[PDB]
Amino acid sequence: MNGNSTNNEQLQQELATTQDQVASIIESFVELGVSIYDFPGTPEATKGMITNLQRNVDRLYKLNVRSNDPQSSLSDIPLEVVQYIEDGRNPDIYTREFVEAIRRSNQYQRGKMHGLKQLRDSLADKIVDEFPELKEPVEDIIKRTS
Amino acid sequence: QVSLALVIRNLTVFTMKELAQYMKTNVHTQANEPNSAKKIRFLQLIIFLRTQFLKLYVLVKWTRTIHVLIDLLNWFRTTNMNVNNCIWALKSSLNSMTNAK
Amino acid sequence: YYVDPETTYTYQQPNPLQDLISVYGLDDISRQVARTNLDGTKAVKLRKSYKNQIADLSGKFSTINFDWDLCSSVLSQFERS
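Residue numbers (the entry's author numbering), protein chains in the order written: chain j, 1 to 75, 78 to 148; chain n, 89 to 154, 160 to 194; chain s, 15 to 78, 132 to 148.
Think of the hints as simulated: they come from the structure by calculation, not from any bench. Every residue, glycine too, gets a C-beta built ideally from N, C-alpha and C. Be a bit skeptical, because a hint or two may be false.
With the Cβ distance kept under 8 Å, some of the chain n side facing chain j (calculated, not the full set) [claimed, not checked]:
#	residue
1	92
2	93
3	96
4	97
5	100
6	127
7	130
8	133
9	138
10	141
11	142
12	144
13	149
14	163
15	172
16	176
Just some of the chain n residues that point at chain j, by a computed CB distance under 10 Å [stated by the list, open to error]:
#	residue
17	128
18	143
19	152
20	190
Straight-line alpha carbon distances no greater than 25 Å define the calculated SDA-like cross-link-like pairs of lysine to any residue that follow [claimed, not checked]:
#	chain 1	residue 1	chain 2	residue 2
21	n	149	s	76
22	n	149	s	68
23	s	74	n	128
Bound-form chain j, shown alone:
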């Protein structure tokens, strides 16, 4: 029990660190774009642009190196999820409808199981009734099924 909790905590910490690093990368890219749009052409601005580019490259390299660690806890995303997330929204209706379909399938399964159970119970009862000589195997049939 303690090992699973420790593994979960380590995975959460690693994912939080990755999230923070990627957020910093995104902020640096936003700053880079802002500087490019409002570039004055001064040598100091050029040096700042070079430093920002180097920092972005170093951050990307560090993220690639850390995320590729075989010992990292990071090591499924279906293509349908990627297709659904391309619609500019908050990702809930896909899960809602597909879980609704899942629940409908489960309810169908339970209802058909109950129906089949009553079917074979009634059939066993009547086979015992009109055919007492076959009563003994029928119960064994239940033992063979249940």
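Using the hints provided, position chains n and s relative to the given structure of chain j.
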């Protein structure tokens, strides 16, 4: 199952290749083109790369939230089309065996 | 004829009759993204895509071998011109 590390490595390789191609194209592009257009193209490329990295960020956040719901979801789906396949197999068996009737 | 006492069929595991969500303690995430709360009221507004997961970050998302030093120097020379 696709490893997240492999996806991240592929995305980084694609980003590096795109950046190298853009730098090369800027290198052999004639100097007659205004620097404003090149700056705009570089900004657009940076925005696209940032969007890809933000998609990776969203995937990382989802994995941080992560599989329990995914595992239940996949198991219930497997049960559903297994039942459907059993129904179709029953129908096919009756269609085939009607000849022997 | 086919009644074989040696042939015994076991129950399918897990049993679909039982609550398969709670078999492995898998109710936390289901409750987190449940359609409705315990009182039946809507918890959160529902939508389709990942856009609202990036709204907290700055920006306007209206529509949704290699020498780095040499490239940086080339960009610097181009910008200074």
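Provide an ascending list of the numbers of those earlier hints which the structure does not satisfy. 8, 20
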